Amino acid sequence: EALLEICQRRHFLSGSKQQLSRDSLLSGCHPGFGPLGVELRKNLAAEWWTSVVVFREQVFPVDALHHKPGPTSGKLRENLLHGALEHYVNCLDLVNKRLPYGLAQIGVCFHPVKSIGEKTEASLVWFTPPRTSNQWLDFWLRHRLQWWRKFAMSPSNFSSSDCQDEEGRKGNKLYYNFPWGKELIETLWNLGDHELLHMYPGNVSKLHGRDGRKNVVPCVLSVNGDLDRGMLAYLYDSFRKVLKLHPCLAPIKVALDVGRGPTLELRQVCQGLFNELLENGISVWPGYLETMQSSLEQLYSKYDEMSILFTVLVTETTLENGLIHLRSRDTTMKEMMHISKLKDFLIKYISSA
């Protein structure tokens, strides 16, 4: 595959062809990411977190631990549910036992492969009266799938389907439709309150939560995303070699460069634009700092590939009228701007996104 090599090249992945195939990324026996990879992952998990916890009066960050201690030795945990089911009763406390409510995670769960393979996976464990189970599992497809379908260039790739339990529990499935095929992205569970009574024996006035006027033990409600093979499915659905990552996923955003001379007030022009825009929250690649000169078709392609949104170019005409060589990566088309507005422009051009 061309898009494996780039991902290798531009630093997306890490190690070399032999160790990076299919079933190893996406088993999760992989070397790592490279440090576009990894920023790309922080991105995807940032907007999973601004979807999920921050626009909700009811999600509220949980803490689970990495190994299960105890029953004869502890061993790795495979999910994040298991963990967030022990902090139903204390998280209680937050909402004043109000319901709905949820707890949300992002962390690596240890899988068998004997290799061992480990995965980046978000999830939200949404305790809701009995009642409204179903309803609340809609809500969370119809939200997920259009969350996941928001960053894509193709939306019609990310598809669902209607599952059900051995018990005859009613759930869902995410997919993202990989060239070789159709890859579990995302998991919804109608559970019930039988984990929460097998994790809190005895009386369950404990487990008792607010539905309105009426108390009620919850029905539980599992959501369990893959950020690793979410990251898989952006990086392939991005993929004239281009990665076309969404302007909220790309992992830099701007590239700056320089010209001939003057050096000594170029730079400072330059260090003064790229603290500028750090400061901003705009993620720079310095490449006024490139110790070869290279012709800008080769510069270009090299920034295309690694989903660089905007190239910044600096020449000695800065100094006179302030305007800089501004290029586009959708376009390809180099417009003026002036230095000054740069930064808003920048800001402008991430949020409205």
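Residue numbers count along the first chain shown, from 1. For the two forms, the rigid core is made up of the largest set of C-alpha atoms that agree within 1.5 Å on superposition. First, how it differs from the form deposited in another entry.
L346 shows a C-alpha shift below 2 Å between these two forms [criterion: core-superposed Cα displacement of 2 Å]. The two forms, fitted on the rigid core, differ between these two forms by 2 Å or more at the CA of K17.
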Contents of the next structure:
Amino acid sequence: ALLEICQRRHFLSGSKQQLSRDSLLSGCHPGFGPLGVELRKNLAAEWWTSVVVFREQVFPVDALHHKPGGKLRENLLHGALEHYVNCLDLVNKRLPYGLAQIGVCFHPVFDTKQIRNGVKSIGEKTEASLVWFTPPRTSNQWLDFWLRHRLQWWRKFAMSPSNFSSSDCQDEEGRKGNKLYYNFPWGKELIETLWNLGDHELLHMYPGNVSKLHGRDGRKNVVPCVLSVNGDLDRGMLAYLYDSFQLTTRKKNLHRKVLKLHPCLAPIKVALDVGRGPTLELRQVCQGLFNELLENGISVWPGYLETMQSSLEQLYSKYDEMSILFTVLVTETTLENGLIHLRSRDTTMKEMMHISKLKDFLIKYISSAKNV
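Please give the corresponding structure for the form deposited in another entry, as opposed to the form deposited in one PDB entry shown earlier.
A single chain, with no partners or molecules, comes next.
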């Protein structure tokens, strides 16, 4: 409740008051705010690094939003299946490989009662899908490996990893699979599914010959089983945003009201500012630091264009609710000695630090947050 009004005050969840649990989960929300877009981009980049970039055999693939007769798409798996034969040549038939993609998928939403949506009210969800072609013999080993890896990735960047959970499941055909959930305050919601299709789709879409679908898992060539790992990121953003917030504890007496997002996926890292002093000769230093940090790759909230200053304490609350790691204040004393202030996310203690080597400090803070 309060988390929702915070999200919207600071343009994270989106726009207008129509958003709710059902609309947010179903994908009928009007759209994410700029901070929501940045969070989605960071989460997609983290998923890409953990899945595609760090794995030699996983490759990028593109699936058209619509298929020819067309009624759009409900999953990214079909594109990977169509690209299986083409991408087998790329991997020179090294059978245990994969195709990864991130894209928007469309699902019908049934409001029911009045205003029957039927095919209308299409809900859009950002799906990250990895289709992993594996030998039949080691299909379960790769299933367990991918389940563990995805659970680690979700538990990574998690303020309370215990909320993320996993469960086993069987399909109507008896095929094994796993489902990952996040424990929202109301209850557990599905965020990702691993399914072991077992090469049915390959023979379905390629019924002519099997000789062209043969891939080498060693000395022998077999028909691969398919492992579809499909996670959704919009619910992922919702899970991370809810986890970063506090509950909804005994003798707490603390009401900071801060979104403690992980540094790796935080929308904005450091917010620049100007202290009490003479105008000009400080805007130039802030502009130079801004340019340095953008050339680095760290997203920066300018902050020095606002002139209220909110008594220097309310803007700290604004940045805390905005999930900003550091608050850099450039005061008139910076020209005498090049020392700036750093409030930092959590541990609301002022840090005096030289403006030089802030490049190294921020880069190391961002890089070393991934590991522990």
